[PDB]
Amino acid sequence: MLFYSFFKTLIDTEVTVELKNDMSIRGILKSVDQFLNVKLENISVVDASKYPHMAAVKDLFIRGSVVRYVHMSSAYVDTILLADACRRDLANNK
Amino acid sequence: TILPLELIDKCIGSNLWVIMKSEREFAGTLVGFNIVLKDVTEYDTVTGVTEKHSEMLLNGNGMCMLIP
Amino acid sequence: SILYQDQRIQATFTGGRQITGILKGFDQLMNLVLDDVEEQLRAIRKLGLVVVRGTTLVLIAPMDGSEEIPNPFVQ
Amino acid sequence: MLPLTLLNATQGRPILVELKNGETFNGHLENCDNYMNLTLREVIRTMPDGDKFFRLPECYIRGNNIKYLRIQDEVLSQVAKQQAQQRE
Amino acid sequence: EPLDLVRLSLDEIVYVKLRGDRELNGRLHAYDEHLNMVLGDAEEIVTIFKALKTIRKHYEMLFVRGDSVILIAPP
Amino acid sequence: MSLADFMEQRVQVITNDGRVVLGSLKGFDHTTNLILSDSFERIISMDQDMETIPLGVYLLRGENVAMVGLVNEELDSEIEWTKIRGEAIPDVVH
Amino acid sequence: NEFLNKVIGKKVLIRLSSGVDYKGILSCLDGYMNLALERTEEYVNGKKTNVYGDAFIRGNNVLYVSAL
RNA sequence: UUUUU
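Residue numbers (full-length UniProt numbering), protein chains in the order written: chain A, 1 to 94; chain B, 4 to 36, 41 to 75; chain C, 24 to 26, 31 to 69, 79 to 111; chain D, 1 to 88; chain E, 9 to 57, 66 to 91; chain F, 1 to 94; chain G, 6 to 73.
Calculated directly from the structure, the hints in this document are not laboratory data.
Don't take every hint at face value.
Claimed, not checked - Per label pair, the in silico range of CB-to-CB distance:
1) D12/E - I11/A: 29 to 35 Å
2) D100/C - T54/G: 29 to 35 Å
3) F40/F - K16/G: 57 to 63 Å
4) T54/G - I79/F: 45 to 51 Å
5) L81/A - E9/B: 53 to 59 Å
6) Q72/D - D76/F: 47 to 53 Å
7) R72/E - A80/D: 51 to 57 Å
8) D38/F - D47/A: 29 to 35 Å
Note that the Cβ used here is the ideal one computed from N, Cα and C, for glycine as well.
Build out the structure end to end from the sequences listed, making use of the hints.
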């Protein structure tokens with residue numbers, strides 16, 4: 001539940017999801033679930049001239065198994081609290 | 004009829020040939036069960056490169072067929 | 024199990044390998060024990085009696101009545 | 001509508017199945033399970049390049065290899081109606 | 009117990025080798041049992057094919081999904 | 001799922017083999033299997049004009065789903081998809 | 006799985022399905038075949054390409070571990 | 001046997 005809880009905290013902030021098909025999609029995180037399925041709103045595909053297929057899509061669901069990275073600005077991430085949460089996560093499941 | 008796990012169990016101590024879904028093979032004498044094989048020769052069936060190993064734990068996820 | 032004993036069937040595996048053989052036994056993991064199995068290469081080679089791992093099957097069909105046909109559909 | 005309710009409701013009717021290897025199968029779906037494993041009857045199997053064709057009296061397809069299924073519109077219509085009958 | 013190795017790298021710099029000829033160097037701030045990770049101040053190296069070129073990118077903060085990860089080591 | 005937000009609406013699926021199929025989302029489940037009705041595929045190319053293939057009712061296995069986008073009808077109405085060229089979407093490689 | 010005791014603490018070969026090999030002293034193994042090695046050397050096309058001082062290898066990539 | 005490959 002550690003990274004699902006974290007992603008819940010990045011909701012309403014801007015992320016870029018790079019997929020295992022090498023597309024990267026930028027948008028406002030609106031939802032994330034236990035599988036790390038993710039919903040982005042107001043997406044813009046990074047290399048839109050390569051890929052006009054999504055020229056009419058504003059709200060977008062990305063399946064969790066196809067994410068390579070989700071990368072985001074450090075401004076909305078507290079890395080000590082994240083690290084503490086992690087230490088407490090691996091203590092709990094131990 | 005025939006029972007698969009009983010068949011490999013028949014093979015403990017015997018020579019077993021295991022062929023993966025990729026075009027790779029191993030042939031050696033079976034030690035136990041992911042499988043542990045003894046004195047196995049691994050065959051790359053495309054490049055033809057063959058190499059032998061004295062004993063190895065071979066991951067089971069990629070094995071296709073077992074042949075006594 | 025949604026599923031021939033001692034009748035000949037063909038089976039195809041993930042990764043592309045495709046074999047034929049007469050079904051002589053099975054269990055519920057869909058392990059198969061098939062003999063006089065021969066895999067058709069991508079020409080054939082014959083593997084003798086093989087136990088097939090149920091997790092790798094994609095397709096099992098009976099051989100009796102499977103045939104190559106010309107285009108049966110509309111142009 | 002759950003995808004498995006539609007698949008279960010298409011038992012006994014025609015179905016087109018395309019597998020990851022690109023082959024497609026046209027036949028009557030007689031049965032399926034909750035893994036999406038299928039057994040079909042009276043099938044035409046078409047190889048990936050549309051090159052070669054086989055007729056199969058019946059066939060079993062393990063669900064983990066399916067890319068997609070095509071189902072008649074009336075099956076979906078029948079199920080929508082049935083779910084709309086079950087509410088009252 | 010294998011994971012204890014990466015447990016010792018929390019808040020330290022790691023090298024991550026990924027499927028697809030990609031490599032990351034960053035500060036490990038979190039991970040789980042799949043090796044999902046969040047790396048801070050990360051550099052990505054992509055090798056493009066003897067290699068034809070490599071492309072380096074920097075990420076202020078970067079989550080990496082565990083199923084692409086091949087190995088994790090000190091830098 | 002976040003997919004409950006797309007129910008009964010025009011949806012655009014990008015599959016793991018790079019295909020684009022549009023349709024009304026009639027249902028989904030926790031592995032992301034989908035029912036689309038009145039669906040069709042779009043084949044965008046660089047060499048040739050966009051192709052549209054009718055597909056009818058389409059059940060998609062979740063293992064093969066990369067993205068599900070909500071199609072904005074006004075924005076999509078604004079686009080002349082016939083004269084659109086673009087690169088092939090890559091396959092997802094796991 | 007008495008292979009483990011026989012092998013833990015000695016040099017091992019991990020061949021990944023990708024074909025890259027890693028040799029080093031084996032610290033640890035687990036049920037999914039995740040590995041910890043103590044001074045890993047990496048080999049591509051058979052040539053040494055990198056050496057890592059300790060390595061965690063995710064088991065899904067390991068095709069086999071062979072003894073030294 | 002579909003989301004930790």
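These are the hints, each one checked on the structure:
For the pair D12/E and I11/A, the beta carbons lie near 32 Å from each other, so the given range of 29 to 35 Å is met. For the pair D100/C and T54/G, the supplied restraint of 29 to 35 Å is violated, since their beta-carbon distance comes to about 53 Å. At roughly 58 Å, the beta-carbon separation of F40/F and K16/G lies within the given 57 to 63 Å, and the hint holds. Hint check: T54/G to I79/F, Cβ distance near 48 Å, so the stated range 45 to 51 Å holds.
Between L81/A and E9/B the beta carbon distance is about 55 Å. The supplied range of 53 to 59 Å therefore holds. Distance hint check for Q72/D and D76/F: the Cβ-Cβ separation is about 28 Å, which falls outside the suggested range of 47 to 53 Å. Between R72/E and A80/D the CB atoms are about 53 Å apart, so this pair conforms to the stated range of 51 to 57 Å. Taking the beta carbon of each, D38/F and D47/A are about 31 Å apart, inside 29 to 35 Å as hinted.
The earlier numbered hints that this structure contradicts are 2 and 6.
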